[PDB]
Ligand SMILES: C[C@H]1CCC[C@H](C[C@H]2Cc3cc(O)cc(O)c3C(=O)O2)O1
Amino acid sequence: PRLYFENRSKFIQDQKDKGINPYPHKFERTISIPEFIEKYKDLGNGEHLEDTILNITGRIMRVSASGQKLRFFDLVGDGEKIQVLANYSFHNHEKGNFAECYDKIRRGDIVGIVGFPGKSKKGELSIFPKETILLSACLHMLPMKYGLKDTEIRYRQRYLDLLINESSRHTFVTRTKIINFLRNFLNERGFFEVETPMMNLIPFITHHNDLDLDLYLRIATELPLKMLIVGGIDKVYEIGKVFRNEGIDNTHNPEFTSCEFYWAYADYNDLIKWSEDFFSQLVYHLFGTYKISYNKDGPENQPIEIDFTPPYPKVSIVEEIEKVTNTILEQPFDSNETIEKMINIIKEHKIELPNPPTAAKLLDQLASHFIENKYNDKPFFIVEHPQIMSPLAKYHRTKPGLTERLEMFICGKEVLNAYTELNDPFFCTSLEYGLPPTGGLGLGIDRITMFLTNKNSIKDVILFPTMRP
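Would you pass me the chain only, in the form deposited without the ligand?
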């Protein structure tokens, strides 16, 4: 184990002395494995193309022998596999001894191979080397599936994870496939991508040494973005990192990825139509249907189905709480007496942490309880939140005490938040130069990716999650 190492190290020195470079400078490929597969998969069993000479590379993942006239390797690259069939009859002996060269090879080794394509007798697609040259050696024991999963080194050595586990590589592709989708989605709808400062002055604190000033890592991207709208970029967005300095767990990472866009002269039906479009067209683009399975209770429980077929419910938060709790407060002052009702509900009905007793805090727990877990079979919108809960959203045309806010929910997890902005000052300076009627919108990216890759931890959607040593 540590012995495996020193022996490989010793081995590497001995090939340097024997006059070999175990880390040569360049081996020139002809083909990647995925290209080799598409071309020769449709070959026939036993078939050889002896007139085809190919230079290929990859990592050795299995090795096995069969008489020292015969040698077998699994070779991987780009998350696709083929077989190395080393036959003594084809081995160019002018370069070296058949068995002396092939007993050198170990699981993990990156090799260059020069040979021809073919299937074996059983129908297993293969490269037949005339020559095999080490490109880079694996000095450690490469572990096995079971070895990891479930282990913490999936995260501390994600490279091992990407090699051994076929499914984690697929997860990370999907996340990129999702982001590209999003970006192109906006771009088609005339939006405009921009970067704004990570660092500010409004909670992660860092010190700019020169300026002797404390700097502030962004929690959001709203403000610079709203200000660009004043600047007269009517459609603008940022896909980027934000930060929370809190606890670290399986739902909690120091840097999340957010997207936020602003949309001048865009109202409520507009934002909804967008959110409904985005998700129906994302999910379809990934899976070919609007229907997917998600393990809400983990892998040790069942999957449930989620129908991203539009349109989706819209649930007014106060209407649906009056309805169910069967008291009334539409009373668009939600304080004093109306605090008592809500407080009385919290204890009367089952329970829940009061928290510091703010009506907006009360309100949240009551939608958390009675609404957020309404629909699991589909994504839906909680809607027309009170002003008290939402200090930045323009007033509801008709309904007093109320906004035109929209949140999107999937399995009781928030995913999309949006509203038409409160443009009447009566950054706070920018607002005085005129901000037109505007719709803003923030997506949770990692969470969305958790759904579409069917993960229950965020570490499983972020390549290098932050980990206590």
Second form
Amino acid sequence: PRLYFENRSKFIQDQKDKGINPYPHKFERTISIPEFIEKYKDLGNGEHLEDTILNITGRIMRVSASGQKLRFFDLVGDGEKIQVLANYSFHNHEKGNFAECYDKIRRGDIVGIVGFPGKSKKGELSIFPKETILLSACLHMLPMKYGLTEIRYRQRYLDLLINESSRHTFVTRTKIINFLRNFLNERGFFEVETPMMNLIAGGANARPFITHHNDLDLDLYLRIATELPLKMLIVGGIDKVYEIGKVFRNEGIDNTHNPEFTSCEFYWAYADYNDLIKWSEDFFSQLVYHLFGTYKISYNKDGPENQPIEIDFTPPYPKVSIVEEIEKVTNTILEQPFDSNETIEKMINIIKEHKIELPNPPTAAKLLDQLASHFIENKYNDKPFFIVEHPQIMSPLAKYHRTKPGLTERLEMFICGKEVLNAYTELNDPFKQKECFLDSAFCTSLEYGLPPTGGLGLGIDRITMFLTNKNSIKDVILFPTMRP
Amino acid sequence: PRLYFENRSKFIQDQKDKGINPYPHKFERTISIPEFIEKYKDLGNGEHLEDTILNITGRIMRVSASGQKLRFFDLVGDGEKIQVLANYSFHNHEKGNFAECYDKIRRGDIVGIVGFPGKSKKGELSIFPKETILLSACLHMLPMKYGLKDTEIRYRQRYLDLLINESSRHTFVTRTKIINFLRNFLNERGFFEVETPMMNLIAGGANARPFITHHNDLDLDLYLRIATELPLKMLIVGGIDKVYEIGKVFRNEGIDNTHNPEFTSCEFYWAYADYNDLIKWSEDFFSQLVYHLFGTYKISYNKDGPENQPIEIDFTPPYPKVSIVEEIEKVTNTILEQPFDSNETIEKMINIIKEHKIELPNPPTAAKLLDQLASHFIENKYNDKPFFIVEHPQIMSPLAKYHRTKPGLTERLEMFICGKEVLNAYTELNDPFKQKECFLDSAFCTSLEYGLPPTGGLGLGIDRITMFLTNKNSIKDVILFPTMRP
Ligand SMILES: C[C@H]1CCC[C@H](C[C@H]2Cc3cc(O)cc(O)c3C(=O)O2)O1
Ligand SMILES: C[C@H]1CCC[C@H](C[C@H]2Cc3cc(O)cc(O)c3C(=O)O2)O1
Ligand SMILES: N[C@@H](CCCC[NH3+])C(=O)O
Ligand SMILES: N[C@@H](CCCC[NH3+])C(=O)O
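Mind sharing the form solved in complex with the ligand? What's above is the form deposited without the ligand.
Full assembly next; the chain just shown is listed first.
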């Protein structure tokens, strides 16, 4: 263990003393492992192309029992593997002693090979080296397959080398974001970048990160959302605009919460709640189909040990009104204002009666949220669904519902009880922005005329979790935030 | 003045009291203004399509009347403009008094218009309103084009700059086109985009004061990344042989025409590539990028501002390479012997600075003295064409691999446009033993010990690049919301 590293450390030094460079600068390779497999997978068993010289690189992930002049290795690159069949007959003895050269090779070593393509008699696609150079050695002992804990998160490179599902998961993540970008781009949307650091931190309910700028001698807040600046751009005449980037929220960590996570928000001039619902249904249905050739996926809601559930992404999705639903599953009528002494105490009695835990503070919005979490947000697990028409007290930036007083034109989409999407008709009457009478800069922009707008936010990481069958957000983030 | 705002606000309340919503929820439009223009630009003079009804929205930018029966407006949307020609005879009198309705409209007002397309007698493409409704009023007096440029207003109220200045939209459209081109450029070449952490327990790899922040639940101080180099290399170790990231990095340093505390960088790492592959890539990219945008490899750039003479910048490859140490020796007619770390060579450089009246880097480390030299004697060598400064000394380049024939040096390359660095690339140091700073955190070092293949890496200053290709002299001009003092 500690000895292995010391030996390899010595070996590197010993090689240098012998004038050999264990870390050469440039090895010009002529073909990639995936390319190699594609161009030679259909060779006949035992067939050799001994005249076709190739330069190929990879990482040795398996060394076979040294035979009498016959050495076998597994070589991996870009998530694919071919066999290394070193044969004494084909060895270039000008470059060095056969057995001595390959006896040096250890598992994990990155090597560059000069050889020709062919299959073994058994029909295994292989590269036959005439020469093998060491490009970069592995000084530690790699875990065996199925051998790899918190190591996955702290040493992600080891996860990517050993666990095949790892590369697939993060490839899917990029495919997801790519798809999202093209989806918004194909429909006339314009991607921008707003500031990570601001004098204030809206628009969402979350404790911010605070940092300090030295030469300006200024205390800056890390953005918790992108909503405000993007809406100012709508005012600026960018009628379809969006941003895919990191946002920072200074709260608790768990399976669905990571301090910094990727979000996408777009704002869509002259669109509304109804446009937004249709968009959501269009996007998720098409996205899931694009990844799986079907609108149905399997997801292990209760973990890999328990039976998975099926999630049907076939549109349309159910819409559930938050207040009405709570009233219906409670046989109660929550009379407005929701923050009245009568209604608050009535919500509290529901929370005590049903054995639910009381929020703190016991504000109207907090109570409504807790009631929703218990009586609604798990109503459907077999398909996405929207909770809609949130009260204004929960939605300080959502435009008032056009027929339901006290409510707003807002929609959250849930997958297996987890919020992945938040959208509403943007409040654009500056007079109704009670806080403005938020950021001064934002408030002022409204006064110049925000047209009728629809805004939407996506939780990218959580969406990745569901489409990569993960129970934790740590599985869809390359370098999640870990306690040291 | 302020009386205008207060009157407008009062107007808003008065409309609310008379039973009308000055902020309606939804106006279902059927066509956009640019679509409108593209679909009827080839109409004939005086022609109408009076049975083709359209819903169209936009912002009123001009208001001219002619006898209380003809009202004229400029309607803009998506950076384009058409005329609004309101005629009493075409007006739908069931929706309200003609003169009254249009008397209420002010410059900046966003409106929804039900009407038909046509051209004026003079050939001005126009929407002919049968009905016009307020969607959202502008409560303030919108400045004219001379009320903005040039002030801080463009940087604090970017929305005003975007509405009134046509070039501003063009500028930020270009920025996005550039990032798109880069993403496609790398993606087409098999590169894999990823996201590495904004916050870490340490902050490498680069030479800059970091931002410091605190995580409350972990009870932990964290550093905003100054670069993305370390995590990406670790991913190379993970077998992601072509990886990259386009995002913000944070450097707590000084603010000027080429420095913003947060800025957008692109760093990629390319397994089994080296210094020469990097030079080729840089040349392929900038030439193709420039040509993609301009159909030519040559562009004009106002180095001294729009008031003074512009210069031409030829992005036709190849570009000049200049060895930093050898070049400094030539121009100063001195011989900087190694190690550069030595007191003797430090004394030489300090004297050259004294002799030439260059500001001393406090503190004057060898690396900073070298940089200050190259800055004063080399970095402005070429302005009419981009060029590389190469083969930086190892003491300037702790993560760059050593030069394979020139001792003390490394296989590194910085590219310059008008004396401003836009690119920093080099062959990566992959021998854990030669990274004596390991014997950056232990996470990165441990990873090198698992075998980093020979690799080339490169970093792009996206903002600065956007500056030169949008003809701007300040980075504040290519950032939507630049960092300002409150
Ligand atoms: C941008 C928003 C829209 C609603 C869904 C989703 C919620 C968001 C909240 C959130 C808070 C937090 O502290 C940590 C996190 O990882 C998340 C997240 O992933 O998802 O993204
Ligand atoms: C990623 C790097 C590679 C080299 C060029 C360029 C340099 C980088 C340095 C830098 C430092 C700083 O404090 C503020 C800034 O705005 C920049 C910048 O734009 O450019 O980008
Ligand atoms: N910024 C919101 C998402 C957009 C909601 C619609 N303006 C959030 O972080 O939840
Ligand atoms: N991290 C470097 C760019 C990459 C250099 C090559 N590894 C910088 O901030 O300039």
